[PDB]
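My questions all concern the structure below.
It is the complex with one fewer protein chain than it really has, and the rest are unchanged in position.
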Amino acid sequence: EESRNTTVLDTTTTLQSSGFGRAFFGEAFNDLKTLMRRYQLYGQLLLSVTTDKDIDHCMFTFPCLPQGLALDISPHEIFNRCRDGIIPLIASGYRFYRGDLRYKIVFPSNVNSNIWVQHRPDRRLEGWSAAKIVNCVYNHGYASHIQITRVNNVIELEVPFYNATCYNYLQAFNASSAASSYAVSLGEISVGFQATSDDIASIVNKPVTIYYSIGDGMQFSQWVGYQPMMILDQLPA
Amino acid sequence: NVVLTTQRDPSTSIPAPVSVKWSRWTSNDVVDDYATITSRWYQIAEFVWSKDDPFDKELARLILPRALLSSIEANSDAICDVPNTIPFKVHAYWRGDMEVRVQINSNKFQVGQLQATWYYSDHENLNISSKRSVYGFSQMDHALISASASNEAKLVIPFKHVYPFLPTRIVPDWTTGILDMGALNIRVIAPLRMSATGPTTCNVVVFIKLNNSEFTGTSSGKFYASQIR
Partner (left out) sequence: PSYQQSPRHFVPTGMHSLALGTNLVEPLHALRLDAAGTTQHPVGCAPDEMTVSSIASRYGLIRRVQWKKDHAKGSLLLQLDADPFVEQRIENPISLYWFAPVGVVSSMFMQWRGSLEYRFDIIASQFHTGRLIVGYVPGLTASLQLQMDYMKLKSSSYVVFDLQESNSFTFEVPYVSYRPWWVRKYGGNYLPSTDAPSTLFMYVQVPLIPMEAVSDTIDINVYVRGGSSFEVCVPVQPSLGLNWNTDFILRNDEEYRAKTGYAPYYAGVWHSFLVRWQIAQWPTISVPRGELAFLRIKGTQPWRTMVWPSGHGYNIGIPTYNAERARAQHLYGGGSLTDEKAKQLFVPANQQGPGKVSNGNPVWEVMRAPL
């Protein structure tokens, strides 16, 4: 058995527990779930106008998942340098998950146009490749929200759990079973603008950052051990 | 009617608690228990383990609802000859909790230690090729077989998958990955260390009981394709 204990040979007196930092710093940390709701960068993109897009056109689409994206490293100096952050490092330790996610997408300053954002639980995830942000229409019955840039250029979201599942896969997904692609992402969030073709040209090569966190609904399943790790100071200068 | 014994006390490592029957949410067909016939034990993999197998080496990546059938269709007969598995031939959709014993019959003078580990949905990950090692599967709960005392590894494995039913044949929403729950993988930790005049062989037998199964969706047995080799 793993967690057995054959013969304790303790030398120690009993340590005063700090209560996981509650005694010093005034706050507990034993519950890792309350750390998980600290926001982490999800994926940063650069806008790129390909066609003279219609107002209906989504500017970028991305699947929505707590696993962390297919990591897209002119490299992005964070994903070149600060590997993975926190939440996929914890999410490596659990085979499944079930629960909500929060997003809080942040938009640049020079944009002014109105922003529509969709949740699409119809969309599956086909393989770990093309499970990243994709620079590409607006739809009716999908769950929608418009943030106005002129009031505040940061939308926030509580994207719920819409799967017909007991829970969903949390490690990186190779798409073995064909219906299992329905059971990895929560769905697919799409961000599109109402900008016309003349004004969207100024917004080219502006960064659009997306954050994420779980938001109290997430409950991880069966334990799985960690994968092999890379030590970050060993990365070259 | 299959009764099996061991001389030594087991070392179970239950991964998850016992699950519900789950027949109320998605089956209106005759959901029939078969505890008189399917709860028999059945040998699915025996293999020779000698000292030439190195430290971090696989022995058998048994996929357990498949390997109950794969040992049958490997062993020169169809499903209708084994009374454990004829409800897989008739019915189309399966659920159920498994019991898995990994018996060893090592001599006492041998020194070695296998491990048995259940993992959920091995084939639904690509990164298990980085993980398929003793250090990864030690962190999750796992049974241990010491070849010194010839310990046995009983191993309760409750059914836990994303969808609450595993199909048994080609099904209109998935085909690949049929009746797959994950990997029972038997990784060596301590290899056989013996004298020059030592007993080299060490056979390992794996039995499986299938008790809280439910079968639903009765259909014709001519639809049931063979499992993959």
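Read from first to last, the chains carry the letters A and B; within each, the first residue is number 1.
One rule holds for everything that comes next: a residue touches a chain if its C-beta (ideal position, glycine included) is under 8 Å from a C-beta of that chain, and two chains touch if they have at least 3 such contacts.
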Which of B:190, B:202 or B:210 contacts the chain that the document leaves out: B:190
Which residue of A:136, A:137, A:148 or A:204 touches the chain not shown here: A:204
Interface with the undisplayed chain - residues on chain A: 2-3, 5-12, 14-15, 17-21, 24-25, 27, 29-39, 46, 48, 70-71, 73-75, 77, 80-86, 88-90, 92-94, 96, 98-100, 102, 104, 106, 117, 119, 143-145, 147, 152-161, 166-167, 172, 201, 204-206, 211, 213, 215, 217, 219-223, 225-236
Contacts of chain B with the absent chain, listed as residue ranges: 16-17, 19-20, 22, 55, 108-113, 127, 130, 134-136, 138-140, 146, 148, 164, 189-190, 193-195, 197-198
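One rule holds for everything that comes next: only the chains that are shown with their structure count from here on.
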Touching residues (chain side chain B, partner chain A) in the complex: 11-13, 15-16, 119-121, 123-127, 130-131, 135-144, 160-164, 173-177, 180
Contact footprint of chain B on chain A as seen in their complex: 1-3, 95-96, 128, 164-169, 171-174, 176-180, 183, 221-228
